[PDB]
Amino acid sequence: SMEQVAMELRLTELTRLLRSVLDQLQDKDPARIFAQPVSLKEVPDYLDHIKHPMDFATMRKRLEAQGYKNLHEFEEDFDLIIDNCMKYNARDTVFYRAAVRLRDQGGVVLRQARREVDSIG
């Protein structure tokens, strides 16, 4: 149907916008602390602590499968990165501190992407 096509084109454009958002968020993590999943070889007990792991590579796979239906779903995954880190790691660690900075600096990027998604429909 012509309707399924137009829907598909909207999803493609949402994907294009979220890709740019993701690149901007990932630049706020220059140390690459959140680039890849926490290694279960190196932290064998991680899943006893964190029930829903998340990282920027796993978000990127989901993105390119057009697996995000809206900005809210994307933000949920971004928030998991930060919130998992802040529970697993103590306050006085390079890891926790990096999460706090990513959170604070991402807020600006997400503030405007919420307006661009409402604006462009």
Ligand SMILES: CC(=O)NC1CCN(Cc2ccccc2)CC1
Second form
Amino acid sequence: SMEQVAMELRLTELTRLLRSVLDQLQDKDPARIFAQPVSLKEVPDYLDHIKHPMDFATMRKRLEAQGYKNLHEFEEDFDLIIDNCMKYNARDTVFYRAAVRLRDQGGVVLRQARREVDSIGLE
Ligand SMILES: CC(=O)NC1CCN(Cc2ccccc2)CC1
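Now show me the form deposited with ligand 8RV bound; what you just gave was the form solved without ligand 8RV.
Below: every chain and molecule of the assembly, starting with the one above.
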């Protein structure tokens, strides 16, 4: 129907917005600590600690399959990346500190993304 099409146009423009956001978020991770899933070969007991792993590559796959219906779902995954890291890694590690910096810098991007989502009405 025309309705389904209109909906899909909105999802596509949401996806376009979120792709930009993801690219900006990933720029705040120059070391690329969060670029890929934690390796179960290098950390074989990771899943004993973290029940819902997340990383930027995994987000990008969901993103490109238009799997984020709204900004909230996207933010959920971004928060997983940060929160998983700050539990698994101790406070005085380069890993924990990278997540803190990513959280803080990312918040600026996500704050304006929320306004753009609401203003354009993409949800
Ligand atoms: C996102 C996140 O938490 N990434 C990593 C942080 C620390 N590394 C340490 C490490 C390196 C090499 C072998 C075994 C463990 C494991 C996972």
